[PDB]
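The chain contents come next:
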Amino acid sequence: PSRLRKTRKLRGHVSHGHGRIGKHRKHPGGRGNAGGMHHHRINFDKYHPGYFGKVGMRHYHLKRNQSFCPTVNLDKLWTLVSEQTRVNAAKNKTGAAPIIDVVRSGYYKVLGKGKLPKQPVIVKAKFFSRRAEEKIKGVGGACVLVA
Amino acid sequence: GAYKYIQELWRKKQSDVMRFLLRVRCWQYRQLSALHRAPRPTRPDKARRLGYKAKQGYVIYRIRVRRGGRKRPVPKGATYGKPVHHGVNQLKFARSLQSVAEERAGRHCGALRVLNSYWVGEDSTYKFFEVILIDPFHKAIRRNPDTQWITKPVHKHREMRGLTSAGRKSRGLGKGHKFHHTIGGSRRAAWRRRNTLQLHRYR
Amino acid sequence: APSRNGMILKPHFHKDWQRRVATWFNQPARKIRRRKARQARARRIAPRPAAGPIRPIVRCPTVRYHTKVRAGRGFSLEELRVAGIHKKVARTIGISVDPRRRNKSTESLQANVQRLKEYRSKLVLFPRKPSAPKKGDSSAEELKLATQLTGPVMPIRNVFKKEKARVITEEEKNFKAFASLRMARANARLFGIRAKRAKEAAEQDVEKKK
Amino acid sequence: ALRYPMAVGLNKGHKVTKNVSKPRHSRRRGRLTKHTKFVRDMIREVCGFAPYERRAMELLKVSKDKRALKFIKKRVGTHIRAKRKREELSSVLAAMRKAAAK
RNA sequence: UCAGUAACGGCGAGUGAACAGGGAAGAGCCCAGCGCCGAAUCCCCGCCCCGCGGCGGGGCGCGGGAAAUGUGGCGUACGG
RNA sequence: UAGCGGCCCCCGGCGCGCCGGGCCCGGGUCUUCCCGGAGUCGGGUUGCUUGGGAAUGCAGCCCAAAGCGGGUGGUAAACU
RNA sequence: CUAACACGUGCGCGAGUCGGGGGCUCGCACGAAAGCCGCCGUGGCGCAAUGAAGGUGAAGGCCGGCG
Ligand SMILES: [Mg+2]
Ligand SMILES: [Mg+2]
Ligand SMILES: [Mg+2]
Ligand SMILES: [Mg+2]
Ligand SMILES: [Mg+2]
Ligand SMILES: [Mg+2]
Ligand SMILES: [Mg+2]
Ligand SMILES: [Mg+2]
Ligand SMILES: [Mg+2]
Ligand SMILES: [Mg+2]
Ligand SMILES: [Mg+2]
Ligand SMILES: [Mg+2]
Ligand SMILES: [Mg+2]
Ligand SMILES: [Mg+2]
Ligand SMILES: [Mg+2]
Ligand SMILES: [Mg+2]
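Note that the protein sequences, when read in sequence, are chains A, B, C and D.
Under the UniProt record's numbering, the first residue of the first sequence carries the number 2, and numbering increases by one thereafter.
Under the UniProt record's numbering, the first residue of the second sequence carries the number 2, and numbering increases by one thereafter.
Under the UniProt record's numbering, the first residue of the third sequence carries the number 2, and numbering increases by one thereafter.
Under the UniProt record's numbering, the first residue of the fourth sequence carries the number 2, and numbering increases by one thereafter.
One should not assume that every hint holds.
To be verified - Derived pair list, reagent style SDA-like, types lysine to any residue, alpha-carbon separation capped at 20 Å: (1) C:163 x A:93; (2) D:23 x C:99; (3) C:165 x A:145; (4) A:127 x C:161; (5) C:162 x A:109; (6) C:88 x C:73; (7) B:170 x B:50; (8) D:16 x A:102; (9) B:13 x D:33; (10) C:11 x A:50; (11) A:110 x A:68; (12) A:127 x C:66; (13) C:163 x A:106; (14) A:125 x D:13; (15) D:35 x B:3; (16) C:162 x A:83; (17) C:174 x A:117.
If you are wondering where the hints come from, they were derived from the structure by calculation, not from laboratory data.
Using the sequences and the hints given, assemble the complete structure.
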């Protein structure tokens, strides 16, 4: 609202909060990002290093869909299925292990970060990591690849 | 039929037979005037292919267009401005000579509708095109269900709006990754759609 | 001029953007008009489905979405022929048909055939002449219960199959999935060069023997 | 052992049976028909050969094969078209030589 | 929405799409050619009958013309 | 003003019936035949244009096709 | 005034959050509002970073079993 803005409190002060020595002129330093290498060089180097120059290869017809690969972590791994699944597996005595499919829930690669509760799991995914594999093996379980 | 033979003949333009013919015709056409009605198609097969039918209401005009490019119409040089726009005599027109010929025929015959056109000969300084026109108010076409589309008012001056086969080629119309400039109606439409702000009601 | 600290910005307002501005003040009126046209067409086609022709099952054509199932443009001729539907009669009895789509697999073809057979079993066909029915027609008593249905006909569902919890055997507990992926990548990368090396080794051995 | 389908490798991809079918009739275009061959050979017989074609035929007759290929490529365009044209001209020369001998 | 992204740019200032995905809407078709049908096709003038304020339908004309340098029916890549 | 309020006039659209006119029409299997658009594609160069980068698109000039061919598969080239 | 960004503040929900586009609501004084969608969360931002790229991708500490 215009009621609460600084302009209302600024009426009557000739200057309008912009100084008498240096006025409020149009474009004292140039428009936009001008002088990035000449008279704004200090600011550009101090606050945006690496701005100027080229690096890396050019990929012309990039399609993000080819590289689409969402990831999940082992601490979140048990949240894909319902709690009743996990508790039933926990108090089960036959040794059967529930099957968790991350592709069904929309994940492609499993990365092993969190601690895993001690019960067998059949994790089926598209890609695995070495540490996630070893975590699943240590907790007791199976890793299954799907396409 | 004989058409297939004719077509395969005309594809052999470097053969001595066709070369001699083309020479003789080109001489005759150059001797004639710049725009005149031909009694009958020179290429019956090509007229057939493009849509001509040997019935009343179909007329054919043979026309010649001066060859070459397009030099900038500026007083001496004097294309005042930055050096990037200093070019005078190496520029090229955006439309083809076939399209220019069709538009000239359509302008001269304002009561007819342009259907298509084809190449019949050329030389160093001229190109010769025969263009098919249709009289839209002749009963022979107004009573024929499949050709009465051209009698609609929407199809006035197709060559002037770039709707004929020759005119369309210059618009960059197509499907696929080669023709992204004309997604939508045309270049105008694509540029408009890409260069407006969609200031929604809520934002 | 840059202030103390912040982001470098590239606003795309260096053209005459104020002349080409699309305000949306007609959005509610547009919605009202589209609705009215929708109900007008629904009334126009009296017993027919409001949504339109049934459509087929298709898989999204990308690694990002190939797990999902869409509604396609139309049934293809292979599916129509194996379901016993004429390509010309399908359109007039309510089946969307396109001739561009192929059929690389068999599961999708069989699924769409099942869909078409279910649609034939479900639709009610009115007499071509209201007085005298014909052989390929529906009897009179169920015509009294013919009504429009809202939404797409037989809507598409993404159904996920559970298998029950299994018991582990030692056979799949010794499977080195990460190692398998790494060697698969290596073999795919080095397949061609290995073939060329084998070829030149073979020709060198032949030369040495000869 | 275990052979799980994988997203990578030589046999990457979800497994599915692939059904054989008659190829689309659109793929048939360009196939040479007996009547079309008859027409084209009649037209060739009445017309003759282009000047560049006969120059290349002279080059092949004097057996400068690389020169013929380079000249045809320059005169016509792509290397594939050049190779096809050279093969057809060599076939024509062989037929002419056989007819002259017999 | 992808996306101020892939990319272009004294690679500086700046410029800059598309595919996929969700929706609004949704509708498909016709020639030339290749062939088969006694040109089986079309326009116009005269007379008779109908209504004619969007000049049409039927019949009779040893009436005229177009058209074989190709009109009409079947038929077009989904095959015929 | 409100009202699935009233009265009168005119035009339309949907159904029904009558006369006249045209129309003789489809599906499956087997056998035999047939099937395509040229100064166009494409190449070189020049100029403009594009995010399109050893040339996205357009145009002028020169060269200029093929039929298991031709186009596309976002880095030029040969083989596959 | 519009757009972008940064930071500070107030409110709702919270590892989630957000219908802005569309649709359903006998369209219509207000109402062009408001309500609803949940198998309309497509999608955006966040939940993972790093490398030019191929790619890889986030603890471990004690005893019995061959210091
Ligand atoms: Mg003061
Ligand atoms: Mg100052
Ligand atoms: Mg000072
Ligand atoms: Mg200022
Ligand atoms: Mg221009
Ligand atoms: Mg072209
Ligand atoms: Mg300052
Ligand atoms: Mg973003
Ligand atoms: Mg610089
Ligand atoms: Mg620009
Ligand atoms: Mg899309
Ligand atoms: Mg819809
Ligand atoms: Mg014909
Ligand atoms: Mg430019
Ligand atoms: Mg490449
Ligand atoms: Mg600041």
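How the hints compare with the structure:
A distance of roughly 18 Å separates the Cα atoms of residue 163 of chain C and residue 93 of chain A; the hinted pair therefore holds under the 20 Å criterion. Distance restraint check for residue 23 of chain D and residue 99 of chain C: the Cα-Cα separation of roughly 18 Å lies within the 20 Å cut-off, and the hinted pair is therefore satisfied. About 16 Å separates the Cα atoms of residue 165 of chain C and residue 145 of chain A, which keeps this hinted pair within 20 Å; it holds. Taking the CA atoms of residue 127 of chain A and residue 161 of chain C, the gap is near 17 Å; set against the 20 Å cutoff, the hint holds.
As the CA atoms of residue 162 of chain C and residue 109 of chain A are separated by approximately 18 Å, the hinted pair is consistent with the 20 Å bound. The suggested pairing of residue 88 of chain C with residue 73 of chain C holds, with an alpha-carbon distance near 17 Å, which does not exceed 20 Å. Distance restraint check for residue 170 of chain B and residue 50 of chain B: the Cα-Cα separation of roughly 18 Å lies within the 20 Å cut-off, and the hinted pair is therefore satisfied. At most 20 Å may separate the alpha-carbon atoms for a hinted pair to count; residue 16 of chain D and residue 102 of chain A meet this at roughly 18 Å.
A distance of roughly 19 Å separates the Cα atoms of residue 13 of chain B and residue 33 of chain D; the hinted pair therefore holds under the 20 Å criterion. For a cut-off of 20 Å, the pair hint linking residue 11 of chain C to residue 50 of chain A stands: about 17 Å separates their Cα positions. Proposed proximity of residue 110 of chain A and residue 68 of chain A is supported: the alpha carbons are some 12 Å apart, at most 20 Å. For a cut-off of 20 Å, the pair hint linking residue 127 of chain A to residue 66 of chain C stands: about 14 Å separates their Cα positions.
The suggested pairing of residue 163 of chain C with residue 106 of chain A holds, with an alpha-carbon distance near 13 Å, which does not exceed 20 Å. Taking the CA atoms of residue 125 of chain A and residue 13 of chain D, the gap is about 16 Å. The hint holds against a cut of 20 Å. For the hint linking residue 35 of chain D to residue 3 of chain B, the alpha-carbon distance of about 16 Å falls within 20 Å, and the restraint holds. Note on residue 162 of chain C and residue 83 of chain A: the hinted pairing holds, with a Cα-Cα distance of about 16 Å set against a maximum of 20 Å.
Restraint check for residue 174 of chain C and residue 117 of chain A: satisfied, since their Cα atoms lie roughly 17 Å apart, inside the 20 Å limit.
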